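Student: This is what each chain is made of:
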Amino acid sequence: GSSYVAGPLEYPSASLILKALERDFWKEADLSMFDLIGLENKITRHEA
Amino acid sequence: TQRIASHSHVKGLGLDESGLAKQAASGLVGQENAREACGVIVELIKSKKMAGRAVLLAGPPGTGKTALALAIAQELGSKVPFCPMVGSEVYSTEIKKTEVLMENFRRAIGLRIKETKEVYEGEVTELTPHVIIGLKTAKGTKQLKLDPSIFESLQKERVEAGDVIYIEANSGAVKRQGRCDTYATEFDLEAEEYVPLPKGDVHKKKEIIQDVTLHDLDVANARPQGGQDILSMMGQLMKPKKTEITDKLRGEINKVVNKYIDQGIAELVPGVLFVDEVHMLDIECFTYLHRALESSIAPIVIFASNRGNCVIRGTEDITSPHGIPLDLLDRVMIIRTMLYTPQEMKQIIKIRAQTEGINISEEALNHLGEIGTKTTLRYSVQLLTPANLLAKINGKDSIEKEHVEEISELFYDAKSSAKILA
Amino acid sequence: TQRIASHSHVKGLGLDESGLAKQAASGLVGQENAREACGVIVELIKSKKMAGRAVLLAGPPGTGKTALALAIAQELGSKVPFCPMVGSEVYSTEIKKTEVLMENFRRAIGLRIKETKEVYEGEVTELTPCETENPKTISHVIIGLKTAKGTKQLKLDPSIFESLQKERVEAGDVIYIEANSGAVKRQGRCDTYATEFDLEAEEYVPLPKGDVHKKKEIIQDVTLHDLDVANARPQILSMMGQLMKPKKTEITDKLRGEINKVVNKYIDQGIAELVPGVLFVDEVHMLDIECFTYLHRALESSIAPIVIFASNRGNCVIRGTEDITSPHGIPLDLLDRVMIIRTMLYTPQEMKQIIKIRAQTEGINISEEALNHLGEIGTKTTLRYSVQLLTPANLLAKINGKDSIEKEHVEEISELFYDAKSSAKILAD
Amino acid sequence: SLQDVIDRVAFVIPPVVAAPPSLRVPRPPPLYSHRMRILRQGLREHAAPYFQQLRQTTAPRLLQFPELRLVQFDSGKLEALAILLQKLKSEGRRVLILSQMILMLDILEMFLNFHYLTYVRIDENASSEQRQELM
Amino acid sequence: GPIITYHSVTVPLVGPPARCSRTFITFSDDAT
Amino acid sequence: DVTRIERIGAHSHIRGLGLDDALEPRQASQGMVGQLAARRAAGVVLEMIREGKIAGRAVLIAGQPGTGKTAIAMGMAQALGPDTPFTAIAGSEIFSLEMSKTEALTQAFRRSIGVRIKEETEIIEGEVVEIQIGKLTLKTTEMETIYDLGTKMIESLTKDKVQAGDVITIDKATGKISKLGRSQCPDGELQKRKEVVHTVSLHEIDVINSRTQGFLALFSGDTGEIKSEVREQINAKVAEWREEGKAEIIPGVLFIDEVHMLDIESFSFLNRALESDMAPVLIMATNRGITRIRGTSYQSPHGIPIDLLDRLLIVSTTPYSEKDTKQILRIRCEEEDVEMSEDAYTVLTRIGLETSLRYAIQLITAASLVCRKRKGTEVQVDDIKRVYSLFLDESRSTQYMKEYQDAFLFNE
Amino acid sequence: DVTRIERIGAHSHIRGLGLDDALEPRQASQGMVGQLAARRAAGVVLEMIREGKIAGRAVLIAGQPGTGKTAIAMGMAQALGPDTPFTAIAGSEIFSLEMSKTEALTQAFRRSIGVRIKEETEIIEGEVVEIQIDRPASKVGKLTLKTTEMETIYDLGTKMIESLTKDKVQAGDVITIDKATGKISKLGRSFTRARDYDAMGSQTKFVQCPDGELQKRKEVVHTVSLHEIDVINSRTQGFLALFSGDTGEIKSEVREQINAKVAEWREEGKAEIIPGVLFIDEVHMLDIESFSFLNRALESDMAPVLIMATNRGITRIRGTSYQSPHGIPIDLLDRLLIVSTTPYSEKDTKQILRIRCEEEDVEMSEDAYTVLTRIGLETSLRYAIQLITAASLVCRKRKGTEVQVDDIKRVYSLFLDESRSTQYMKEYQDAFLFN
Ligand SMILES: Nc1ncnc2c1ncn2[C@@H]1O[C@H](COP(=O)(O)OP(=O)(O)OP(O)(O)=S)[C@@H](O)[C@H]1O
Ligand SMILES: Nc1ncnc2c1ncn2[C@@H]1O[C@H](COP(=O)(O)OP(=O)(O)OP(O)(O)=S)[C@@H](O)[C@H]1O
Ligand SMILES: Nc1ncnc2c1ncn2[C@@H]1O[C@H](COP(=O)(O)OP(=O)(O)OP(O)(O)=S)[C@@H](O)[C@H]1O
Ligand SMILES: Nc1ncnc2c1ncn2[C@@H]1O[C@H](COP(=O)(O)OP(=O)(O)OP(O)(O)=S)[C@@H](O)[C@H]1O
Ligand SMILES: [Mg+2]
Ligand SMILES: [Mg+2]
Ligand SMILES: [Mg+2]
Ligand SMILES: [Mg+2]
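Residue numbers (the entry's author numbering), protein chains in the order written: chain W, 1380 to 1427; chain V, 12 to 140, 156 to 448; chain A, 12 to 146, 152 to 251, 256 to 449; chain U, 1823 to 1957; chain L, 209 to 223, 257 to 273; chain B, 15 to 147, 159 to 208, 226 to 454; chain X, 15 to 151, 156 to 453.
Calculated directly from the structure, the hints in this document are not laboratory data.
Please note: incorrect hints may appear among the correct ones.
[What the hints assert, rightly or not] In silico DSSO-like cross-links for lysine-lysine, where the CA-CA straight-line distance does not exceed 27 Å:
{"id": "1", "chain 1": "A", "residue 1": "267", "chain 2": "X", "residue 2": "269"}
{"id": "2", "chain 1": "X", "residue 1": "184", "chain 2": "V", "residue 2": "182"}
{"id": "3", "chain 1": "A", "residue 1": "427", "chain 2": "A", "residue 2": "400"}
{"id": "4", "chain 1": "V", "residue 1": "182", "chain 2": "X", "residue 2": "223"}
{"id": "5", "chain 1": "V", "residue 1": "125", "chain 2": "B", "residue 2": "204"}
{"id": "6", "chain 1": "B", "residue 1": "184", "chain 2": "V", "residue 2": "201"}
{"id": "7", "chain 1": "A", "residue 1": "267", "chain 2": "X", "residue 2": "115"}
{"id": "8", "chain 1": "B", "residue 1": "444", "chain 2": "V", "residue 2": "441"}
{"id": "9", "chain 1": "A", "residue 1": "128", "chain 2": "A", "residue 2": "232"}
{"id": "10", "chain 1": "A", "residue 1": "265", "chain 2": "X", "residue 2": "115"}
{"id": "11", "chain 1": "X", "residue 1": "204", "chain 2": "X", "residue 2": "164"}
{"id": "12", "chain 1": "V", "residue 1": "265", "chain 2": "X", "residue 2": "269"}
{"id": "13", "chain 1": "V", "residue 1": "22", "chain 2": "V", "residue 2": "59"}
{"id": "14", "chain 1": "X", "residue 1": "415", "chain 2": "A", "residue 2": "22"}
Could you put together the complete structure from these sequences and hints?
Tutor: Written out as structure tokens, the structure reads:
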């Protein structure tokens, strides 16, 4: 006894759907200055 | 022998060729009008033309509603899907009520898909890293090039040269099942198990017929287990849980199944959804059932209810003739089950005794029927096996009147207990 | 310890050898009959014979029911597991209420594990194999171990040669070898070879003190709930489990039975000794009908701990019922399973004694007339209220440069702070 | 500790299996493709030290063969032959099994493996010299 | 090539019969 | 091709609204019978939808049970082009255990607005002649060409084994090679430029951009409460596509059948949701008269609060007459391939007027089966009376429940 | 002596139903006192369970509080033994945050059906007398086993060599090798290691030498519930959820597959169904949805014998506004037999107190027995039972040997029953909250 195996449900869409939320780098600032949690794996209060 | 349940004696509806109900046939006794209506319902299900037609078996407790539903299931056969469910099963903690109803609706549509299964089997000779592996069988030896996924599966099975392996190329699944019986004598003692070499060709194609519901396809495509790739594998680590399958997925599955039917590689078998106690649904469920039953994909749905004019669940003070809102009673055909005469009760008790392997004398049977004219039919039936046990303990191979009387003195019915409490 | 809580003065039931209650001892005043019944409960706990016995502390607010339960806890010592709960804790969002109840039941059963290990530890001084003719073949591997006490040579089985090279033991390494398994474990270079110029941390250890061969006894205290949690979810599946939130789970009875079997095997083997203890459920009237009914079955278990309930609700409707009033908020069926200890209101003298003992524990100097005034305040208002006035009046006195509370300080603090009844009066007006 | 009892009970196969749906686009974005590529590269790099564990702890149970114990069970002749061969093996005797046709020899030697009684087969498929060589 | 022989046999105890087990690791060549 | 998944449902016979270009409703057209005013109003709403200029227009269809409101909605769905979205949900479906009511309502709204994006791609389809690793030679029945291969294309052709004689298609911009067999060889040009047009709903864009491989949530559900920032940024990007001309917006219809199952919170949410420029046309149906709004004690003219009732236009559906009932029975009989005698039609019309229309429609199939059992060809009055005896309507079943009230449980 | 996990609980004195061969109850046997009709009915139900031929038989034990309903249930369980599954739950246990009530009842029903698998295994059993392993620095080895009757020298494959090395097999070990899978288990040693080896700090007892043939055909019996089969088959790591209870709602398709295959395994010789008992104490905590589920669940062939208990009279069914006997809908009451328990008399109460004194090991005088029986009749049976224990502790405090009347009066004064505590609460009601 064996399972049926179906082919995958292919899901067509336009390329633009994936390009959404992509902003030009001339409108993205270095927001990393506000990144807090990223410093826990990097530095220490005494090291700071 | 298989264990005996409450409805084991029911083998069908007991209709003649013209569809009139015989008085006592196939387990059922009496209830001719309801049996003939269930006959028409069986023909409706067999016709496979109508979608979403609903029928309600409504009648007092003990009047055979569930027996009639199971008799319909028997008359249909095992080929036709039959999904028994209870309205109280809709209160999932995982998915919404409407999703549970929809999943039961999709369970009741069956699909026989003919699928060509191709298998590579043999004893491995070479495992050169894409991989050019070799397989040898009772006929001969072939060299094959396979996807690296199959090689990773072989490594998962830890296949070494000289082992007998089974490769289903359709699903990318490899089963290493033993080392070849040729090696079974080389060492006086080893931890492995030996199996003979395969007798057929290395690459074999076999055509099989698979029985699945539409619900199986829906859940398989919603939670894929066949990706065999890094992301799908990482997803498979997650705890399983029912999910609210979308209408887009079900539409895609409908299109795929229509393509299968058009190609001739599949046949669709509309079956039955049976909701045994529908009054435990709430007003949200009934409102959803309006839209669901109007669907063109829906199965034939059977309802049973024993409530009088009672309050609809999920409402405050709305009463309806069976606990089902008037809007849903308009969409169903109603079959009424009537109370039994003493003679019909005695016939049912005799059938139950013969199904339970119990011998009972005429005087004991008459006393049991008299007890069943009081109390209920089910109470009187349930006294058969205690009384036969006490007969066996007293060294008798048949229930006598004294054994029935003593069991009725040991075990009380609902009415007697209520009288004692009151 | 150091901070002072509402019960920090309760040091135990002030009972004599005869079981009678002293009028005022061990921080408790009055409640003599209740304290004597609590002492009988303590004897019940220490007998370890019985399971699931229930006792209800019942009486007006501020009659010392919680003080009496914590006094039982003091009498039983730190060896007996005493699990405090309040009835509000059953309403968890991760698990069902009856699972919370069963988990707290198993927290009150203690188990004490005794492990006796034999170890040969020292700095390695030689690793010479002993060659032989087989009846190169070796019949022994000689290891010399040095400690501060002395040196010993061991005649180990030759098979230990695999573990020595696996651990990469060399001369100058501190190692230990367990008698049972015979596997060696390496724990670093001896610090006598460390210089201040080389940089390593984990690879150095001080030369062991004591004899080379040691017999170690390890005693660990656990609860059955600890074993339940350990066997329910052992610590790539671990990566996903530690990334995801580890919620409480509804541990099955199968696991509890398996752990009962394992603990009975340990108790038979002599490795472990059971210490069954006490579950204390304060504000038990916050339990609902489903919890009380479950407790019917829970207290009838032969494995259950001794449970102490406390309630003050009087004739009150049971939560999760409608209009079912009960003598304590506790259904009569559960009340038939508990022994009830009544607690009674205090006299003015008993209240003055409690106030004085509180002032002593808080480190407060109180004058005689101030004590009388605060006692009479406590005969009005409540005892709790009058006790709460002690430290703010002490602070007011410290501001005015007085080392002891004077009556004027009590009066001023009373004028600043009001009780529940006076506030109800203000609200009514 | 149940591993032995677990493998005896693991038998449910799913009725349907399907690969995950694939989102199809013309002209896939370079940024989206690059991000997916680096995601896959990182996941596979981290999986490599633990890959066999991931593979075994994720691969689904798709196939279900009938247990070799049924090859005995299906026929009473093979049951009595099992009794006789076990008894004769306890007496140090060797056995020649004669049967009419090739397929019966196939299922016989499968049964003989299930009894752990190692065998050698000669039948019409052998050349003239190999029949005597195996004898 | 080089071989390491792990050998464990019954040997009779000295001051069924009184017996004990003893192990005789053996090495093929002086280099290993 | 036997017994397809689509079978005969309750509204299968409805193929449209049956209106002229003047929206004058024909008495019997496209399966619709009667309801002339309500069908005219549905057609006006349909023209509103087709124009798609105005956003947030809501219409309520109100009437007695069985008066063809869901049938009107189904006809509007059928008449409306399949390109334009038409989301149809019951009011009880928004009570999800995986998302809030407002979140489910938002998803339903966003499913009902489609974004149509057109893009061109270049497709190569031919038969392989020679492959050298690189050079590739492809031929059709009309032309042959040799290509100079790049490193990535060489890798793609190496991963997917391509040899001489294979028929393959290649996406020029991506190198996606799929083999469709071995050699009929394609006839025309080897390299073709194709426009392809996808309609993607706002919900799909939301869910795809919600997380890595978020499109799996479009099928299984598993979509939590989508973040508001994602939706706002996707609205901004869609507006930018509309301004630049790379997309067109296709407003659709959200139909909430039996909307009285919604609660006061859902209605209040709808009050503001219909005021956005991306709101679709909402259509609702309810048979309730003056009755309590769920979640409140207040009775309201449809179970709908007067706040929402002021944002919508109401279409009323009348009872049917004898002629319309007979015509509906005729159309249902034709839909189910059931032949009935004229006397049977009259009797079934009388039964339908007396008891219910749905009951008569069900009796159609029951009588057809009973006729087939007796080896009949046309349903007669005797068959109608047979199935009328076998199957009860609600009134008669209620009367028998009153007759044996002592046997039923919790009867009141 | 030693404090076991199991201590003296409320029903530790129950050893069975105390019936004869004819199921006629004895007055005082196996810890049961009185309840003759109820015990006879429980005996008939226990025979019905042991025959196992009838599925979905429900019995409700109804009676006044403290009349022995849980006692009769525990007697049935004790007389059933461990072979037949007996799942006892409180009715409030089904209300879960992990699963629906119907799933909880499904799992409860399927915990109460055993599947007893049988398999034959090839087992090697003997004492190792010599082992040689040679490895490059493939592995070649030689192993000799003895078993009194024979001594066979085996040439070892690579995998068996790895297994023997992992087990660290030494000469003088009595081992077991599973020829089907190569699993090696050590039963014990037959003689010491060489006295000349340091460390080795053990003097373990040496088991007797194996006998008979080295290789035997061994049949092993494994019993699992249906719920275990369900959980193990539900997911890749399902077995971990059998202990943790982290089981979501198992798919109904999986359970249908398990039912089908188990039915085949019982048409074959591979497995045997052992149908057991589900005991739902205080069943009135179930709501209408649970009762409705119980209606259909009892009609399956895989349903066990359902035993229920409740002391409620005509009361309101949970989740509804209707009043029905026992708090159970009449349609489920139609599906069951009711067994009634009777209040005890002076003699029965005294015998119960005697049995409880015996199990608690309390010596008590005959006057103490009379006064305690009077107290138990006046107040309750459980209160007098708990006074046994307290009066024992009070007597031991005074260094007495036998609990006398004074100790019972003293513990009566210290610990109150419901009635006197209620009277004192009413006498001081203004001090208690909300009147
Ligand atoms: N006509 C009949 N002939 C033979 N056995 C019957 C007949 N009607 C009922 N029974 C049996 O008698 C019992 C009655 O149970 P059901 O048929 O389920 O009644 P019911 O209509 O389902 O009542 P409720 O609403 O579920 S309480 C079952 O054991 C049936 O198998
Ligand atoms: N007899 C006593 N001797 C000494 N301190 C006492 C005594 N009784 C009460 N106290 C203390 O006075 C306070 C009141 O006693 P509690 O144990 O809090 O009363 P209670 O019975 O728990 O009230 P409820 O029911 O929880 S509101 C606590 O700080 C106790 O430590
Ligand atoms: N004008 C019509 N023309 C053709 N068929 C119709 C017409 N009106 C109703 N029907 C059909 O009659 C049946 C009942 O009509 P429905 O549309 O379900 O009534 P309804 O207005 O939706 O009542 P509710 O509110 O849902 S209970 C369905 O099969 C419809 O397709
Ligand atoms: N017939 C009996 N023989 C011996 N001990 C009994 C008997 N009946 C009850 N007991 C004991 O009396 C105590 C009361 O338990 P039970 O009477 O079984 O509980 P119950 O009768 O179901 O009362 P409820 O309804 O749960 S409050 C327990 O310690 C029982 O072991
Ligand atoms: Mg039923
Ligand atoms: Mg307190
Ligand atoms: Mg409608
Ligand atoms: Mg009880």
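Student: Would you mind marking each hint as holding or not holding in the structure?
Tutor: Consistency of the hints with the structure:
1. 267(A) - 269(X): Holds. Residue 267(A) to residue 269(X) sits at ~23 Å (cutoff 27 Å).
2. 184(X) - 182(V): holds, 22 Å
3. 427(A) - 400(A): holds, 17 Å
4. 182(V) - 223(X): This hinted pair is violated, its Cα atoms lying about 43 Å apart.
5. 125(V) - 204(B): It holds: about 24 Å lies between the C-alpha atoms, which stays within 27 Å.
6. 184(B) - 201(V): holds, 26 Å
7. 267(A) - 115(X): Answer holds: residue 267(A) to residue 115(X) is near 21 Å, not above 27 Å.
8. 444(B) - 441(V): holds, 23 Å
9. 128(A) - 232(A): holds, 5 Å
10. 265(A) - 115(X): holds, 25 Å
11. 204(X) - 164(X): holds, 15 Å
12. 265(V) - 269(X): Between residue 265(V) and residue 269(X) the Cα gap is close to 14 Å, so the pair holds against 27 Å.
13. 22(V) - 59(V): holds, 23 Å
14. 415(X) - 22(A): holds, 22 Å
In summary, the one numbered hint that this structure violates is 4.
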